[PDB]
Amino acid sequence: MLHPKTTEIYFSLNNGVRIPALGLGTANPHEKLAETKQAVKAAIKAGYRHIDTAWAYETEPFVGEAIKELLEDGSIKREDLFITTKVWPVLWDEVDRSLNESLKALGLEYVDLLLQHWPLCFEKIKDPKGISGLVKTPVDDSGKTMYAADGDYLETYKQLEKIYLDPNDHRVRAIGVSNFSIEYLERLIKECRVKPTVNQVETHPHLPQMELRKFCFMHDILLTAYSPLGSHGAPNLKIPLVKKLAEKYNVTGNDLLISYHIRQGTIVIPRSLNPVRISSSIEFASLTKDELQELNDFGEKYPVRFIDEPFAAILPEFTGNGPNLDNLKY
């Protein structure tokens, strides 16, 4: 009965646009793609006004289907919602195409936020059995990732810029990036005019990303936290400090890991397909400065990056070797 609910908190982007601090993640497994629809419906019914998706997820049509029904029955209006999608590295140089395909899949006229998914460029390998006739993450027979020979990752954002700045184009309300390092953002700020509204990265008490947080705050860029539970197994719920503070604030570990970000001014997009936990996990734990420092200390002592797939290896921040299991044995 106490407020705010995390669904009731809105942050301001650097272009003056408000974004709900809590959003639903939709990077669901291939066997569960169609379950996205009921999750989005459940989320919005419980008060979510933010849905995060992507061209690469193959969940856009199910996001679109859920929205269509809530529009039709008068549960929601388009302008009430904040919809994010992303351009995958395979279309690094075909942003316009990526956006139109995303909008068609979503059955929408515009998205609120469009991101560069990775600072990466992939080769375009034909495959009828892929996404839009292309291999999502191409490898050779070795099998190592096939990066585009002529690829410049900033070309994606430059094309994002051009759509955002075109006074005759109303397909986006904001642009941003995902998985960018300080170093890459510096190049972007140096070479580009539009300041990304967000940098969507993995962050949570096992990966506080302190230096990135400080940098982004200094440059008017909001972080969006993905995999806040630690992806598969939700290992972050097992952190003793997380359990302790959840008990103290009379909330679930889920609420605590959400609140960890919102408290620090960070947008958070937990992924779930469970309608019950989606509807229930909306409580706020307003953690003290000392509690945040305790949580952040833990992360620096036991760093774990759960999302670190082979394709990300060329990035100085990513190893490509997945998580370090040695730091989970605390």
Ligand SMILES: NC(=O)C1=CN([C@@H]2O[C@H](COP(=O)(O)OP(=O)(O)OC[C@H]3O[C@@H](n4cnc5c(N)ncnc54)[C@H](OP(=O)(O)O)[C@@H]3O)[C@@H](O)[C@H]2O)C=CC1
Second form
There are 2 protein chains.
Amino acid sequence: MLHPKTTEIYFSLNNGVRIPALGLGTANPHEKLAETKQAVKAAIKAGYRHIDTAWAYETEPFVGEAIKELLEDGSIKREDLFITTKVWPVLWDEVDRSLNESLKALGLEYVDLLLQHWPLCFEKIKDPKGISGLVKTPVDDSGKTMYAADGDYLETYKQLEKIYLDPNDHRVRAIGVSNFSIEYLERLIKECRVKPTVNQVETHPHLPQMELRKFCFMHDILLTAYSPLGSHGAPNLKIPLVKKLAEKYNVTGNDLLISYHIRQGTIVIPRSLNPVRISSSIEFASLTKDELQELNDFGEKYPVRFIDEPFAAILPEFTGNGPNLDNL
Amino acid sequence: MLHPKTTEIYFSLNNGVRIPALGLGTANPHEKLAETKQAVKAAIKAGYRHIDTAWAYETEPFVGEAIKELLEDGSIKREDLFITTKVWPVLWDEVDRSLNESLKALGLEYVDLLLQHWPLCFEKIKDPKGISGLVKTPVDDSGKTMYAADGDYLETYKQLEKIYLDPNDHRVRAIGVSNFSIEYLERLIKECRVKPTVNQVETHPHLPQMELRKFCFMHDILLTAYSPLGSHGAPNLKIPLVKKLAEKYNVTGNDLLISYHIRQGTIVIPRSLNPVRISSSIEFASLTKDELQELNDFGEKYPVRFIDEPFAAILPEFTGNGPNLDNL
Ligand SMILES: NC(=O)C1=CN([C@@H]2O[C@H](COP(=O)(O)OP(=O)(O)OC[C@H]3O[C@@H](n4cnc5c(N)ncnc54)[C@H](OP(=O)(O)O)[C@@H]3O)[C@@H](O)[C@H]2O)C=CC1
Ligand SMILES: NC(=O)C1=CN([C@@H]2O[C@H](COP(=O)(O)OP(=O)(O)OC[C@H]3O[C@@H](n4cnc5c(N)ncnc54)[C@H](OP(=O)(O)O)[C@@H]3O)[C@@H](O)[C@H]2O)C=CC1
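What does the same protein look like in the form solved in complex with this ligand, given that the last one was the form deposited without this ligand?
Every component of the complex follows; first up is the chain already shown.
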């Protein structure tokens, strides 16, 4: 049939390393953490060569088990895959520890990309039933987030740079950030040495993020789009214009919402636990400038930020109140 | 601006190795062999990751020198590149020798793809001014091509398999063929062991080669399209519908004649010595099923086979009479 599939497209990071434009997202519900394994296996067999995970997801062990099985049966080699993981704000000042923990969970010797997950620092609160004996997102009795006082979010990135630049340390192939604003990127660029290869952020037709895209392009940073379907229940499939363009280019809604990013040179990581959904939705709809313009217009007009949890409220672009339901 | 660029697309061979869909062709005029070096350097800086060459082109040393310079100044690593070369019919029964000669000329330890250039065997005629002391295409006093009588073209492919399957031999990563008909591929599949990863053939809107495409797809072989612009003088840019579709998708004629193949899952290797032409023509026109249909209609209606030299005449698909000028 017709090519490229979205599994066949590769963008270049600013250190010359290639990344598959399309990745599998694995921030799956706590109730279904084990189902990640089959989703990853299904993704790779359908041609995905990029898996996105994180220390905070609790899915690393299941991504690792899927990879181990495909390695062992000869379906894939390690060098064929691109694995991304992230350092959570609770370990903002212990990056070495986070990476080693992620490596142990994944059953891997290296990751391709290591991200600072948030420009945030959390206090370390003990919980034996938490991740690595720690509360994920600590709050006090009032219900507000416990940030590390005198914690600098840029300390995380500095620790990333050290590991990335150590010539006898082979644990990462690239570093980056997630949920950084233009202002935070500017501070990083001023104060740090290594240009982040990616800034991973929420974006899609309901949040086109034009300014950030422009900025990152100007400064040699690729966007990775998270929650491209709008997270729980994939509300972005129910946008009329999406349904319309999907129809024209003979693709599924998932395909179109994937292609919206890849067309603009944005890496994209839709999440699914559904093997047949993962497998089918690998078609490319090569949107016109004008069609992109329409899609972007829509998001300007009806902005919805689905990922805006309370812990993020202290950051300029975030409210902590979650999505504006009215714009749906 | 818009993605993918044709430099960003990768297809998968039947042994799991990825190949960039777009390659630089290097069958340059004997008068301009040296200019290949700058063309390869320009291709790679523009993002090409695939170079196509051959023992018979006399351009291997210049491809090698280009690569060596980009390796030395740190613009590329060897593992980033895909290099194809071929065994010419004069060495049909000396593949080890041809490979080693190619490796020496290229200044390389391995190639990614090694192809049988033609389903043909030539007599070895000495000429000190020829390639490796031999006449490239021997013709007798009557002007007839000197084929090795009692030479079986499939001996060449058998010698390819031996090297490809030797586990202590790392000189190749894939083997294939070029200029094979369906009948020849069928005989190969019946009598051999390794399925060719590619069959490299002339194809483009003036020679759609629908039947071969269908066959290779059914049998797990990718097509690589050679002479996609119609060879000397790039006559294929002058086709009206090609000029029309280029206009619509806002790309150049080269882009469109490139996109024609990539869209159908065909690897393509346009040749140029022009640095600005190579650099600009990396856009993708994602042709509709219908537009493909139109282009294919045109070639079925107006077949022109531009590569059809006398030596090829004994092969049932070829005439030896060169292109039918009438169909232009
Ligand atoms: N850097 C960061 O701070 C963040 C990063 N991310 C990353 O990005 C990834 C993607 O984002 P995510 O937040 O998961 O949300 P997505 O936009 O990818 O949406 C995922 C949901 O859509 C559903 N869905 C998919 N296809 C369909 C369909 N055809 N019909 C109906 N429902 C469908 C899926 O359910 P189903 O399984 O049944 O198909 C899934 O629950 C994450 O997994 C994570 O890796 C996410 C959030 C924050
Ligand atoms: N397997 C086999 O038996 C064969 C394989 N091949 C392979 O395929 C490659 C490509 O095929 P090839 O035969 O070279 O022919 P092509 O179809 O690629 O055409 C090449 C010619 O087109 C010209 N050209 C490119 N762009 C333009 C333009 N915009 N305007 C005008 N002219 C243009 C080039 O000149 P310029 O440099 O000035 O731009 C060049 O002379 C070969 O180099 C070789 O690697 C080729 C023949 C046989």
